[PDB]
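So the chains spell out like this:
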Amino acid sequence: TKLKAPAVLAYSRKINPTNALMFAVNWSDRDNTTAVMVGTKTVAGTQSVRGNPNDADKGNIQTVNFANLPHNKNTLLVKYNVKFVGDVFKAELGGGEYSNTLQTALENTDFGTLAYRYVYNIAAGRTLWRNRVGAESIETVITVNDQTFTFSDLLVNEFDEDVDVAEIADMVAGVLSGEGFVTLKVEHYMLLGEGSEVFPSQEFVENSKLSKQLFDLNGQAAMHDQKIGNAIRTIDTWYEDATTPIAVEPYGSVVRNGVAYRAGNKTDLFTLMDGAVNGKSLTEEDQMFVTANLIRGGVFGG
Amino acid sequence: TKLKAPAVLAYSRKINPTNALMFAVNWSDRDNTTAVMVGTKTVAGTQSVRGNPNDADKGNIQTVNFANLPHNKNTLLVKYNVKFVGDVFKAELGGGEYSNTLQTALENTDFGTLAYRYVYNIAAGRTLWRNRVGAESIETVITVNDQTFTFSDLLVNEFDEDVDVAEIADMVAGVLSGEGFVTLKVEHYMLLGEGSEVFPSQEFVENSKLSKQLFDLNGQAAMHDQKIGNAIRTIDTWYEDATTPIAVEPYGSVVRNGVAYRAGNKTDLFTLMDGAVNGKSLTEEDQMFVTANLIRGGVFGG
Amino acid sequence: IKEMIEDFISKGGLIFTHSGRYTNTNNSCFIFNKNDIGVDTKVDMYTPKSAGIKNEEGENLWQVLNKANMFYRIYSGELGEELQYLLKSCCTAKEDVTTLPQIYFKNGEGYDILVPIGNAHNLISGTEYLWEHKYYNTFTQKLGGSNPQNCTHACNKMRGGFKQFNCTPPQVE
Amino acid sequence: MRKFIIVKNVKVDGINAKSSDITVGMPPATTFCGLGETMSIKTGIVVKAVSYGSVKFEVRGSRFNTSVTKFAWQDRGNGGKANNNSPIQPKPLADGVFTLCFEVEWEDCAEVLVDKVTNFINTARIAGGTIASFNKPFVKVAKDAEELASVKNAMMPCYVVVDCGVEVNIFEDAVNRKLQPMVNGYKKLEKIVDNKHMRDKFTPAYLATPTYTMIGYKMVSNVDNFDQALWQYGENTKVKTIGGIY
DNA sequence: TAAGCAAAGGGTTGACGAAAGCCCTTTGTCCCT
DNA sequence: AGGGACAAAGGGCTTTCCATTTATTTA
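Residue numbers (PDB author numbering), protein chains in the order written: chain D, 2 to 303; chain C, 2 to 303; chain A, 2 to 174; chain B, 1 to 246.
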């Protein structure tokens, strides 16, 4: 008949990115790392809503948090650590016959191209979300277990094949397919131009004076760890009218566009599991989607 | 004989743990310590709920308590104490009779194996369950009655014999076999990475503001004491089809997984007490489990 | 009132001003102390799996007997012996000590074993007095878990739960 | 000639906060006055009075809901009912740093009292709590109020508890004055007919109901009388204060 | 010292049930041929 | 002399009955 997820089936994080930090460096010298800090400036713009055409002559004012490269340096440095953990399938919470029948039905996935797309997203620098634009050249350096690599140009929308991402893909694919962890200490260098604007992650502010407050650790501009871990997993290219590599979620849902790319057409992850536990043959490019959501996380309820 | 069990039976807990405390230190100079301050961040994600595919193109920003190491230190320090109390044969409720004919029927069991598994479970780092996962190098320091031992690497899943742990095993088995107390101050050190994420205990709460709340001592990250005592309790490899150690439960059920091993197959507690009271000779791999229940403590119905 | 009181005695039929059901749902101990009942005091109500019949507005036996000393005008006895005797046939003593705290006290030259059981008026006057009159330091609890209607009918009626005081002193800086 | 023994900065962990179904948080004065009888019976040192402060205290849980661990399945009759989580009835716990003062008469050198309370701390539990770290006890001698003020100046910093008394009843007094109630005594209701389910089988057992009182949390450097802060056994099955109502 | 301090979009879901009733089985208690 | 009936005693599973405020709110 049917096997169902346990009322409780929770899947812990198999990626642990640290919240990235934003530093200011020069281009020719990268050792004088000086914190880009969150400063609080004030804007005096316009009252311009789609509604309320009467209020179009009275200027609004709010205090926003801004972060720029200081006017002696022309490179933004983004420093983080990402821990790719193994023990992918073992259900943290939950875990009986919907964790083990998934193991006997999901041991033959493609971990290699999975790890290739994840290390490509770090290497092509899609982890910045706004600092790519207005940048002449990007240099992303990755250090794993006392070895260092440098990446100059990778067009991010099409996952090209090269030789300096592929061996890190072998390490990460070996560390998800078994036990353990692999630590990527990654530094992104962007020649944004002299004294340009950097874009940290905004925090939620619940009824505060600041209309725009950036993420802050010790007075200094920083980006959210879950924003980094969002941008590791923008690998999903197996949905209806496959196009952009969007972030992988059980409904294929980007909340900026307000449309879920895998929902309501029998393609979602949840659906793509009950057949797997029931024993149907999962194809080569959607069990990899299921495994990418295993290494994402989430709750798998009743 | 042919006598009936008491309808209620009370046992004191003879493994009394203290709640863990969390600090951030560097891997070389451990003196420069600071508490891991539990903060509250707010995360904007997708719905990602089982079923409900119609409202799967909407966000859900919720407040989550987080606890990260600061980005000047890469080491997580843990600190707590354990007390073992002798005279485990005195029933709180229950004066004796049934208790006495079980007590003199359980004088020839293996206290040393239980003692070694307890001190091996706290030595290997089972007391952590998420901060051990991803650490570059763990180490443990145990200070008991003015002597100090230090361990570097132990396999948590497999109980492997070594000479450094057997002295602590005998020194707590002496208290366990007779009467008295022994208290050990335990510290754990983990190279996790620069500004990594730690995992304190989460509270049981339906809090209206915080979704996932981490436990605090005036803001400092901390675990539950019974979270520690569950991992020291986790010894059971004597149930049928045993592969992993589970917590001592009278029905052999862990509730995170949602299954029950020892229940309903003439293996659980309330059949084995009736067997041992009525003169039936027990299996030589069952008697240390019965003992374990007692030291963990417990009331027992009818 | 007569038909659902008759349904109550045909049911399990227990009323009480003191219980240990609030400490643990496996209690089944019930005593109606007499001398402590004053005009504004409140009483909870148990029958098996919290059953009952409404009074054609969704109104069960509880708020009936609880609403402003309704019970008093049958307990003092201005409503006749016909209702009062059938009311008095329900308040029985039920003893049980299992899964309850059992502590000691130093009496005169010796110790005394005694079981702490809870009070009926305190929970309901807590829900109706810390709430309505603006005391802003309390904890809100729900007993039991996902199915709270197992204990009593008081448990069944309001699902917001009772209120305790906070016992957190200010700490040293 | 009275003697005082002091337990400073004792870390209590696992202490269940449910003093009653209506007072949660600190355990009642029955707990800390029965600690004296616990060392009077287990050890043998006669304890006549007790006082307590709080260096720190926190009940485990959030701001309006404090709550309870997932229960075990430690009951007979739940053979197939073990795969599910638990039946969960509320039992909130706490953790705190406390100071304790005991009134003892010793008639012996003070080098035995410290060890004799030290080995009792390691085996007893503070209302289900676990002692983590505690300072070394020391013996204080006071014969008047001037030398009792030397006891007053050495508990700095702590927040001691003094009696305050009830005006008419509990929740009304908790509202208009904004004070704190806690249990100070127990009233006998009914005697259990059979003693086969007791833990002693000889002493008669009576059902009890908790009687409450109002208190006050005071800075230890600002209390006029320590005997206003000490607590002891009373009558009948109650506790009271040496110094009376503050 | 004086005049003016924005808008939408969402805010999770999963476990957390004692007692009466209804059958099923087992072993105290008693029976002759 | 021992299986078979007579019946108590545990034991698994099966409903069940709910409806108030959902708090606000921190020193």
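The hints are simulated quantities; they were obtained by calculation from the structure and are not laboratory data.
Ideal placement from N, C-alpha and C gives every residue a C-beta, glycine not left out.
Heads up, some of the hints might be wrong.
Unchecked claim - Chain A regions said to be covered by chain B (calculated; three or more residues, Cβ under 8 Å):
#1 22-35
#2 143-152
Claimed, not checked - The list that follows gives simulated cross-link-like pairs (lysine-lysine, DSS-like), each with its CA atoms no further than 27 Å apart:
#3 C:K80 <-> B:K240
#4 B:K81 <-> C:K80
#5 B:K48 <-> B:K178
#6 A:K12 <-> A:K107
#7 A:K95 <-> A:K135
#8 A:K107 <-> B:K42
#9 B:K91 <-> B:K81
#10 C:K5 <-> B:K81
Hint-by-hint comparison with the structure:
| no. | hint | verdict |
| --- | --- | --- |
| 1 | 22-35 | holds (count 8) |
| 2 | 143-152 | holds (count 4) |
| 3 | C:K80 <-> B:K240 | 39 Å, violated |
| 4 | B:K81 <-> C:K80 | 37 Å, violated |
| 5 | B:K48 <-> B:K178 | 31 Å, violated |
| 6 | A:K12 <-> A:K107 | 42 Å, violated |
| 7 | A:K95 <-> A:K135 | 37 Å, violated |
| 8 | A:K107 <-> B:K42 | 14 Å, holds |
| 9 | B:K91 <-> B:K81 | 21 Å, holds |
| 10 | C:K5 <-> B:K81 | 23 Å, holds |
In the structure shown, a violation is registered for the earlier hints numbered 3, 4, 5, 6 and 7, in ascending order.
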